[PDB]
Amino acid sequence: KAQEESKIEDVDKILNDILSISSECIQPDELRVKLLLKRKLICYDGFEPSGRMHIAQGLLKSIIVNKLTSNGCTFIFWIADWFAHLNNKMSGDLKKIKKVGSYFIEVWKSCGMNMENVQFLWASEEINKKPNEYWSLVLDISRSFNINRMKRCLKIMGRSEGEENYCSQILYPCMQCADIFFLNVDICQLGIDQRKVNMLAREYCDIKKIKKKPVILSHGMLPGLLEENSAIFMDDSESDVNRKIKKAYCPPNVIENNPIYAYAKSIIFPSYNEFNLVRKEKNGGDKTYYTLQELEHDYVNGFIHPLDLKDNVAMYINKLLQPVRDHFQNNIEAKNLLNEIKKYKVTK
């Protein structure tokens, strides 16, 4: 027959693709086993509703999510409303956190996630449907690890250790760890800045002799726009994008920590399977890049000047944000929601 061989090849391809969009996988052979389970894998990422959405959580997220769901997975977006509250976001105000969460969902559905295999789940709603199960997990995790081990998860709250260490910094990682089991996740697909608590979950499996362990499929962090005006938001207008890109950090010849180059490589190139650099002839002229290898060689050797990369990145970000811009300009309810949340003060 040879169908067996064809299925092995199919699995190898799905595995190479799933691994492609990741900066790290813990562990690849485990991911291969999960796939042979012959079933939809559950992936998830989670989000504090803390203010307008940075393009990392919309444009970049949509690329990874569509890759995974098109390869048979279901993807949960965990709107971590209680976590934002625990982390002092939006003045702790749950009404504001809820409005922001609603705005997140509007963004995601207009930026490539209006689809059957993506679920938008609210942490508070889901915890309160099964609160004995949820909080019993949280308490059992807290019994298994000492305070220092848990303090090492502080990066998941976006915090440095030099500040005051509130007890919330213990509860939050216990709860994020519980989420991984509570949602029956196969793949934790969060930014690499979440790795500590994802590793904690794997350690908890070993402690409890739980053989079903989650695969950590972490994506890379987009560097900050600068080395409000500090990030591109998913709702930004064309002039807002143009202005923020013009002033962004884009060191000549340097890719490390370069946000402009990161947008080209991680958002724009996968979206178009190319990068078209429009330039005057005296600056090298237009050029179409078909590989990231050439783009990197050309930027590192100075063939691409920062101003040219910036102009092209701005044009592409505006093209990619068009359906979001249009949704929030033309849909009256979404326009009114954005107008409300834009007035909120951003806290921590």
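Positions refer to the first chain, counted from 1. Think of the rigid core as the biggest set of C-alphas that the two forms share within 1.5 Å after superposition. Compared with the form deposited in another entry:
- Rigid-core fit between the two forms: of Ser266, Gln194, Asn258, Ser102, the one residue whose Cα shifts 2 angstroms or more is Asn258.
- After superposing the rigid core, the C-alpha of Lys67 moves by less than 2 Å between the two forms.
- Core-superposed comparison between the two forms: the CA of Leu277 exceeds or equals a 2 Å shift.
- Relative to the superposed core, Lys287 undergoes a Cα shift of 2 Å or more between the two forms.
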Given for the second form:
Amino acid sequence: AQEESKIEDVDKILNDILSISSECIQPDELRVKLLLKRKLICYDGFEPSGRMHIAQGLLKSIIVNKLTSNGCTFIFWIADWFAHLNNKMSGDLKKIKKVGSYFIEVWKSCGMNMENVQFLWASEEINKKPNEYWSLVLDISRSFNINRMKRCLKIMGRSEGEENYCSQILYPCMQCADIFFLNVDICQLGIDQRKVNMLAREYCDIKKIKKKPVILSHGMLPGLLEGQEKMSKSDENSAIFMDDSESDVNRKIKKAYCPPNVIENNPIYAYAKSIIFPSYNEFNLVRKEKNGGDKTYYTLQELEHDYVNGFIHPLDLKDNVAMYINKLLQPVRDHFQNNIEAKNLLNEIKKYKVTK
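Starting from the form deposited in one PDB entry shown above, please give the structure in the form deposited in another entry.
Chain only, nothing else included.
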């Protein structure tokens, strides 16, 4: 037989999946998992705690498309109970659920392939099998000491510095339980969530569980301003939101940090690299004749090169980044304009006060 084309295919698949990742734990387990002649279950989880920003909408969608076009199933875990537990929207569950419904409406208009995508609500799923779920949570809690768990504080945007409520011990125990409860093959969350993903791998070793989840962390999309490592709602003025208008996006991009001929810590370059290039498979720099005219970058290396050496002005990088982000947002805008029910949902959502 010449099924050496299968090994070649897996390696092609592995390299493609990894190209979208910031850190894989571990790459070898991932290859192993891919040879499982079966769909791999991936998931990411979201606190419904305010407006969605483009990391959770546009960037997520690039990654999910890559996965589902390579034999994976993808679960969006609408972590409503988690948001409540973390005091979001003052812990008001009715508001959290409305935000959760809003998130789904966005994701459904993000040009994601839905054949292999699932939206699951934490509260619904847990309450379908509360004995199993809670037994798991308890078993996890008896396996790690308080200090160990306290080092997962980051997964909920918390620190040792603030007053540490017992809920901050339950939450990580519950997030860890999710991984097994949902039978995840691949935890595909942002790098800020990694500590609880590592905790789950540790749990496997402790319980001598052979089926171990692979941690496929993506990098943080940076905020608009210098020094903002993480676009988010809790970093004032860092985020472009999924409901931002065309002029909104233009205005935030124009005001963004984009240092001349430097790529490190440059959020504008980061959007070109992590969002636009993977979406278009090319970056087409449109620029005046005054400035060298249009040029298509077929590779990230060529792009980095022309930027770092001043061939690409910052203004030109900005203008194009803005344009593409607007084009990418257009389907979402169209949905929230043409679907009056979605429009109303967005409307109610914006009225909320973002509690921490």
